[PDB]
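Take a look at this single chain in structure tokens; it is the form deposited without the named molecule.
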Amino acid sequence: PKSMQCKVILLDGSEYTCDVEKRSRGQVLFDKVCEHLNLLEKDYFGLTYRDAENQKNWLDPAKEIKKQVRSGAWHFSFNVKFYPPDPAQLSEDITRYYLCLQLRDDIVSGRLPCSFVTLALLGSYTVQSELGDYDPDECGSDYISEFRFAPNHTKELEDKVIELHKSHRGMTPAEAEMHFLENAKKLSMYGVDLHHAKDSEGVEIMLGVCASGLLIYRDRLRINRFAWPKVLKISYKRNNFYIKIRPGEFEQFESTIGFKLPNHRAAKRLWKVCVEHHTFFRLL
């Protein structure tokens, strides 16, 4: 029974290696990674691979791994797929821990924009969780943390992390991670999966997929939002993505909105993440 080696980048940046039978479905690998992680609340997470166009794809747990990675290496990342709007409602502290690690990467990468003060506050909770109580012995006037807190580090940011860290004495790691999440969950781009597209006029927009629905970012001042309940059908055809927007009260007809994606695979990927978010956040 022939087995393929799998390499998974975990959220702490380390590498997990395991073997699965070469005809395995994605769920098989996902279950192995989740067991390694002692993760029970698995519904929020998934595995990502890079396609031949170097695009991030979700590994479909129902489909064969070989029919997804195709010509590429069996290399994956472990990621948050569905960002919970209220992390306090997760049953386990370890779930909240993996969610914090994902968000720290969302912040450092610049996917999740964040004010100076919130970067410093999130940083201070991470430091409290991981080192415990502030100690002056480790931190002089010239201290720079090993921890990555932001897309661009400044001395002023390091200083503010320490000032806030001092305020958190006696805080336990679960408590500090819960405070991290209470702040992160409020950020306007929390759990927003962005897709480059063009509107029906050819104007360049971003489509955001998240818990609260589909967001259209047009020109900073013009941001349209379609709550999942207002979306009856999600479709794609060639390079085009379509949503059916339910009739308003006393309107005779459903309204259709049309977008141009860079290519046919980008249109299918956007369709599938929308359907998955619609299902997930209809049930949650």
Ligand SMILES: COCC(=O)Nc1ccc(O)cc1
Second form
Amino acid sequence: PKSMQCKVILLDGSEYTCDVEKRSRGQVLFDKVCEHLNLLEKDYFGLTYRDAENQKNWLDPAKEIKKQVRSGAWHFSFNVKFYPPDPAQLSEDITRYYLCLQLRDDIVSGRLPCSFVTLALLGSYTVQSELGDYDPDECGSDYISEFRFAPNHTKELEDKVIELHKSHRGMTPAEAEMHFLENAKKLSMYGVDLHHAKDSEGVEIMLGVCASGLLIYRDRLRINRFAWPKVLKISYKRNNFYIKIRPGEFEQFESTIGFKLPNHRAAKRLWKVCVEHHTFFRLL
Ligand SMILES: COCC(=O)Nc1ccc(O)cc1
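With the form deposited without the named molecule in hand, show me what the form deposited with the named molecule bound looks like.
Full assembly next; the chain just shown is listed first.
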């Protein structure tokens, strides 16, 4: 029985290596990674791979790994798939820990934009969680943390992390991680999966998929929102992604909104992540 080597980038930046039977479904590898991580609340997470176009795809746990990675390497990342709107309701601290690690990468990467003050506050909770109580013996007036806090680091940001770190004396790792999440969850782009698209007129937009629904960012002025309740039907055909918006009270007909994606694979990927978000956040 022939086995394929899998390499998974974990949220702490380390690499997990295991073997699965070459006809294995994605769930097999996912269960191995979750066992390695001592993770029980697995429903929020998934594995990603890069397709032949170098796009991030979710590994479908129900389908064979080889029919997804196809010609590519058996290289994956472990990631948060469904960002819980209320992390306080997760049953385990270790779940919240992995959610923190993902969010720290969302911030450093620039996927999750954040004010100066919130970068410093999130940073201060990470330091409290990881080093414990502020000690002046480590940090002088010229201190720069090994911790990556932001897409662009400044001395003023490092200073503000330390000033807020001082305020967290006696805070336990679980407590600091919960505070991290209470702040991160409020950011306007928290758990928003962005897809480049064009509207029915050819104007470039972004489509965001998240717990509350489908967001349409036309620019900073003009943001349309479709709560999962208000979106009746989803579809994709060729390069195009359509949403069927349920009739308002006393309106005779559902309305249809069409978007143009870069290519057919981009339209299918957006369709699938929307169907999955709708199912998950309908049930949660
Ligand atoms: C297989 O599912 C197809 C589909 O249309 N799904 C769907 C997604 C969001 C929504 O609000 C309503 C429905």
